[PDB]
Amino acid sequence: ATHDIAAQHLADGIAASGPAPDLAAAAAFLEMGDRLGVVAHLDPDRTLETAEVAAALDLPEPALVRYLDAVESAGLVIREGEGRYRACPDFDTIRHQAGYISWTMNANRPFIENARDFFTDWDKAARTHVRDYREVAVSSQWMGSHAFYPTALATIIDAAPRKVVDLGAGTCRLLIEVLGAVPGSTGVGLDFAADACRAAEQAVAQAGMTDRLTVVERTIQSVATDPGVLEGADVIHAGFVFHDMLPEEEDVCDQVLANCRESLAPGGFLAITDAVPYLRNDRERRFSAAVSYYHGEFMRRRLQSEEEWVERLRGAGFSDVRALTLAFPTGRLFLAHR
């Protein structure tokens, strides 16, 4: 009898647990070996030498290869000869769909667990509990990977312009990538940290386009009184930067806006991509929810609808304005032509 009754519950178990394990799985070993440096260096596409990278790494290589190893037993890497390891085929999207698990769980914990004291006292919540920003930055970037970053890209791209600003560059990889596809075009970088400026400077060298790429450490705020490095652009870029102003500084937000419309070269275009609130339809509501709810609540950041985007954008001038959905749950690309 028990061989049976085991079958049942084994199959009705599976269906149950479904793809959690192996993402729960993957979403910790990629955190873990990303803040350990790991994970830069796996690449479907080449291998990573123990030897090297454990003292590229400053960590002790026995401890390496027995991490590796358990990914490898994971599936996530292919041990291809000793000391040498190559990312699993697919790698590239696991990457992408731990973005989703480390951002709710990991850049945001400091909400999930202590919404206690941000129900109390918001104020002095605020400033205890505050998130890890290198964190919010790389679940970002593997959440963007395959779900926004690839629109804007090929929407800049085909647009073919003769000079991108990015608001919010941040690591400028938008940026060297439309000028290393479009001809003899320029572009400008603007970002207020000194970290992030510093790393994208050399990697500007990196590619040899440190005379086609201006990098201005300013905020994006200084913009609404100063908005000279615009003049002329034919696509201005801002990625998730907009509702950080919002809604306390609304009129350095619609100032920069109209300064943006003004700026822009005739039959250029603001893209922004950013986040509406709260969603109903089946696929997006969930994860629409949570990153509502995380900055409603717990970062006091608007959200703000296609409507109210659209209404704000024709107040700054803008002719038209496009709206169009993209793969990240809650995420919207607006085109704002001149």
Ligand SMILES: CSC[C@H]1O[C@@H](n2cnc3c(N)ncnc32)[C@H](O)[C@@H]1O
Given for the second form:
2 protein chains.
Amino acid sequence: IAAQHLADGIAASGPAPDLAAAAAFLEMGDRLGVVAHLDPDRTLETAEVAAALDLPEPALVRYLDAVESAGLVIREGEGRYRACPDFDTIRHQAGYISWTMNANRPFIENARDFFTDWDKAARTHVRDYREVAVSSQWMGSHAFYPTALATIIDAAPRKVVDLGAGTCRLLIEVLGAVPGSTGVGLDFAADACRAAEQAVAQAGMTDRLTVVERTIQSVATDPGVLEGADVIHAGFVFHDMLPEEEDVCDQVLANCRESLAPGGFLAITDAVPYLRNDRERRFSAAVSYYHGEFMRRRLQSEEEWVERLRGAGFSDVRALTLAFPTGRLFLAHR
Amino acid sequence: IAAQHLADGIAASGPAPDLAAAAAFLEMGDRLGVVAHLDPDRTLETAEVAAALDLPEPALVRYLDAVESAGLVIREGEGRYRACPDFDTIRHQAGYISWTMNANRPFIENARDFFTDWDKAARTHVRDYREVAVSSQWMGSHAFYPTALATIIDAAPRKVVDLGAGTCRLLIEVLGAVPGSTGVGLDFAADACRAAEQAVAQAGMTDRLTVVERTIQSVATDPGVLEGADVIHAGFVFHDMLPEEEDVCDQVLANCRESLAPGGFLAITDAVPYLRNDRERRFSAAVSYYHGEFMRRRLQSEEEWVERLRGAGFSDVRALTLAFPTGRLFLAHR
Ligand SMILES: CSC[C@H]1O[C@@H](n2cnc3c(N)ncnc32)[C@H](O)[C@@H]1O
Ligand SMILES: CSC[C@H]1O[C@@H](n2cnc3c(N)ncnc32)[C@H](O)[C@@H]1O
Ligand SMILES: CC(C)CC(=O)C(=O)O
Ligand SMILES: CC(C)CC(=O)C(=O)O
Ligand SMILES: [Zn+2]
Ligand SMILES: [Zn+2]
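Same protein, different state: after the form solved without 5'-deoxy-5'-methylthioadenosine, show the form deposited with 5'-deoxy-5'-methylthioadenosine bound.
Below: every chain and molecule of the assembly, starting with the one above.
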């Protein structure tokens, strides 16, 4: 009796109000720099963080008080705030919403332009690659990054190479797990290389781990840095050179197979296109439509990837379903 | 055994991949004009809709095929598409994400400016009121609009007034339910008034329902149009004149009480600030922080609203919890 309208509405909205609010608070706070100071295991001290971020302290305090009202942080004492116990899961979920609604917003808002003159639209409406990187890392935290770590650590490698390694977090975490091991982080971006180069410094791995600043294409002609590696990792990278650079790509793959030490494998995480199964189909379709229609980059099915890795001379290929919908981890044994 | 990593990841992501993908597809499609042609009870014919929307048909077909892969539409025949059975619930959930991440995106991206010089930020970073209106209507579909309808229809009114009525859908639906009834839709926006004025035309209610183009403030001095109404409705409107126009507002409220026919009531849906209960607190906080910090509009608690309505001379005030988190429906009896 109008308690019906209420219960019916609650069931229809489900978790969407909570998620919409978490994602907006967390994107806003991350753009401010605040989210990197929130952690379930310690407090953020407003007086210091406001100074470190060059923000007015009363403004920062009203933000953290709003986030405290939302249940995302806990006010421990006066001027001190702690993230809620399940913050990292909430931030992981926010990553999916940030990626489709923020990182890829130029495609949402400008689809008509992309439909009528793609070449002009592709250069006019461009994605903010800081947002692409942050939301990808939030999604990866629980849905593909752990699986890649464990696989690399368990191979107990001596040399590990990462193509498109960014700030080299994955290499730093692997080297800190195999006490005797070396790493190579390859990235063609200047600022990415500069931050990876000092994060490795502050971990003391400045000798065990070098930060080469080249393209993955450059590997096709200079495969020297790949020599003798036990594991080569590429995360969501190889698709970005298809179909315009299929030969260069086929030849980087062939280079990787020859450069592998005995018993070594190339680990590729990438997205497969348009899955039909009920769990993955909806996010699969967004990942595929964004890549196929707006970025014009070719995503390959498992069948195509196995084909392509066989043709590069790998002797066996194992595909693993990742929790990230349409994410697959291909392990290509030499 | 690495089937653990998979099940753990799936539990951590929960419904977020599905929601993120639905919201992006549906905002993109709505901006294109396509979503208004999707319905669970009939098909969209691509050849005709592509022409009506001035879109290349192959482009429209790739979009609908992507949305079909996502499970949001069904391809009935060749060139014909039907929305999935629960489309309206999915679109309702997408409304929360659209509102926090799209409609209010100027606040997410520019919080630093709002913190350091508000007056300059408020006029530089402005919300797209087409996006505000669409996402509000998607949220309202299952979470506040039904409760307001049923209350108005059940009062069996002779005259109904709506302050900030937009395209007058709510009035059209009420007049089509009380066979003998009149309505007044008040809105100060030119284009809103022009569309309400022809939607009422195509319903034949062009006589029973007039579309006055004034401000709700203008009611404070010209209360004539309010005369004799059985029900006055205002949806998410009165807060937008607090605190800068408290006297004008207090006097519109007093005007409404005096203009009511005997047995009549004023129905106000509005948002209360920063609730603490577990269901509503997170979205409550986003609604409140957006209004308090970025729009500088005053949201009142239930206690304050009842106070304010008593002081305007209403004899009894009933507050109803809406499914929309922090939404409240206040019924103020004359
Ligand atoms: C994990 S995919 C994106 C990351 O990998 C880097 N990257 C993207 N494309 C390439 C490329 N062709 N070669 C080397 N690094 C790349 C980018 O600088 C970013 O850090
Ligand atoms: C339901 S809140 C927004 C809708 O109500 C209208 N509206 C907003 N503010 C006012 C106002 N002061 N007076 C009259 N209509 C308003 C807007 O034109 C829009 O259609
Ligand atoms: C995790 C990936 C899907 C990220 C990506 O492919 C991109 O945004 O470019
Ligand atoms: C449904 C309302 C919360 C919409 C609103 O207040 C706004 O965006 O201005
Ligand atoms: Zn990509
Ligand atoms: Zn508002």
